[PDB]
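Dropping the structure in here first, questions after.
Rather than the whole complex, this shows some of its chains in their spots.
As written, the chain order gives the labels A, B and C, with residue 1 at the start of each chain.
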Amino acid sequence: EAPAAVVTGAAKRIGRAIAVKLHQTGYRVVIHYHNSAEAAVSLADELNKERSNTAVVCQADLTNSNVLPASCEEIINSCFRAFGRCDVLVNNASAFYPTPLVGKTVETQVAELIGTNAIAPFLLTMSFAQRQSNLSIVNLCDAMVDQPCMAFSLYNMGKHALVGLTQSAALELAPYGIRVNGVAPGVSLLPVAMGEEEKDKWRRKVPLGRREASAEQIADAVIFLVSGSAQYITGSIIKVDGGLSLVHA
Amino acid sequence: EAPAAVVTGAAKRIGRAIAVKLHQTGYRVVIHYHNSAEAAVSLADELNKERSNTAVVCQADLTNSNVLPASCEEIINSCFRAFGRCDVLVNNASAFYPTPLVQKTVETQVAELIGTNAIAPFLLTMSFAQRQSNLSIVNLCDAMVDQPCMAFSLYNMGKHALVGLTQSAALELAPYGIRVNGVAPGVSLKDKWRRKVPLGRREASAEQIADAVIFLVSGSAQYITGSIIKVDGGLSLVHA
Amino acid sequence: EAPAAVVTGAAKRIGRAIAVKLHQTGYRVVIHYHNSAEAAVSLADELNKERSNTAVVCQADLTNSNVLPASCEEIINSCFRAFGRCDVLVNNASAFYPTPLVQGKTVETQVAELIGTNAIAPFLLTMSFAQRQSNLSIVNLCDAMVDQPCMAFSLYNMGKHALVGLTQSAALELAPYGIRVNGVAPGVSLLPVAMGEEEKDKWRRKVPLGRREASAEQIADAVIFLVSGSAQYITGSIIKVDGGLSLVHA
């Protein structure tokens, strides 16, 4: 009776806030993770303490390879095994690091940045759709996709590809009652590795409050798109960026 | 106590559905009208029956003229007079009709399709901002702005200007805590069109439009500014 | 036999560069101006010395009013009166100044100038150009920064957005008549005359490609391309000529 959702990269940060908020809304959740096993299991525990049998973890590397399609099939399969249905897919997992044009090989960087950000979402969408009410998919896009960070070409290419996926899947899956939309953060939870001075630099550019989005503010937008209040919305990407993308150089 | 909202063109169709849903969310509402007095009063009567003195009407012609600034000032003033505050402005009033390039005087068409659709929103935004917690403005945009209807140049120009207003005002009013966003309908703005809509199994409704407005004004959108949410069932994604 | 073009606001700066380059390409030109009469006649003189009877001036206020349609009709009529044809229209004239939302022109004067020159006059000129009708085209001078606007420039930004709308709508509607409609969108080109060098340099340093503004000739080069036979399948396109400026985040 309770709908179920898959959230990729849900152990920490934005994915975690999305998983929590979906769960609070009445969803049973698959918490996908890659490396963060301790945090993933700890979240599922917390959620199950609240309503028993409403959260499972599922481990998978979302780097592109010849076995990525089986890994994505497995993620969707894990939701059906635990819950007997899969109503919502949130493509939240992402690799993010510079790849300048001028210790990983370039084909590894391609496999990670294009695999996680675009190919895995595509295969997960395929598996989600094939395995099939208010069905929908939400992709975590990037509000700054047309004003990209310097030396982030592969990342930016993957995020552009994800816009294409959002539009193409919205068109193709509409006759099956599956809506596909995006949420596009500007600056939200900044990278762990980033110094406080660089963090503050980005914070000062944001027109609305000179602060980053909380993870919860991003999840709020995801909640809207999966809700019955968004039933005529497909192929839309909602910026949740405090106006950052509007600010000229 | 309760927040207050101005909705332009609120007597019928989309503006009515927006006024109703804001009222249901707990807003006091100014129902603006130009020609539809009976409809505006009927809505106000319906809302006041639910909760006393929570709905007023306000007449103004939104055509561009030397008196448009005064009229827009009055609309915002009427909210402050009735309710002591003005938290939300919904720029919903719209004129819609073709203006072929190869052939009402043209300058009258300009006054309506640019005046009502873009200049009135600009003047209302100025007045709203001047007279100033979760403050926001929502502009009713058009999902088909980049694939426009044939021979609707002035209309299309006004809706493009309204996008520009949404972004410019989002930037300039952010320091004041005023968020500025848009909702862009499709076919809600006949059977031939519905069959082209990807989510065509669902009928388009004014309430679906209002649902997106309600989100953008809510605390669930407090970091969202300068965004335009398409509510078009995927229509804008469909090639010719 | 030579084709003819109207350039609005052509007395100086980018409009002059466009009129000159069209003239060098073999066009006869209507140099429209509003206040810059000396500069306009002087440019017509230069072009007419190069080839006689190839340039005329035409004075018009492009502020919106109930007579703006007549003024726009007259500009197009001037081209047919001088040259017997009108092949190209370049909507280059523009008012540009701030209009803050929170507070000695009246607001309705600001609307009439910023929306009139930037959008309504281009619409009326387009109407008159089309109705008076080979390689026919219209080029609108747009703004590469239309989605990352200057703070407190709402009316200017609304006008330039409206011009993108006109470009697309007119391309759609006029295509059956063989009239192409395209746009050229500068980022920073010739900085305002009233701007001091220090402020100019702040803008210059933002530009990835060479940390300098576009020359007027660089803008004109893109106009020349769009009116040329090398752009015969291009309509409804807006070419940024911005040195990468619009790609730079805050």
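Methods note: a residue touches a chain if its C-beta (ideal position, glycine included) is under 8 Å from a C-beta of that chain, and two chains touch if they have at least 3 such contacts.
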Whole-assembly copy number, given 3 chains displayed: 4
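One rule holds for everything that comes next: only the chains that are shown with their structure count from here on.
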Category of the chain touch graph - line, ring, star, complete, other: complete
Leader among chain pairs (count of C-beta contacts): B-C
Interchain centroid distance [CA atoms averaged], chain B/chain C, Å: 32
Averaged-CA centre spacing for the pair chain C and chain A, given as whole angstrom: 44
Numbers and ranges of chain C residues touching at least 2 other chains: 147, 149
Chain A residues touching chain B - in the complex, by the definition given at the top: 167, 170-171, 174-175, 177, 179, 207-209, 213-214, 217, 220-221, 223-224, 229-236, 238-243, 245-247
Partner chain C, residues of chain B touching it in the complex: 64, 66, 68-69, 100-103, 105-107, 110, 114, 118-119, 122-123, 125-126, 129-130, 145-146, 148, 150-154, 156-165, 167-169, 171-173, 176
Chain A - residues contacting chain C, complex: 144, 146-149, 205, 244-249
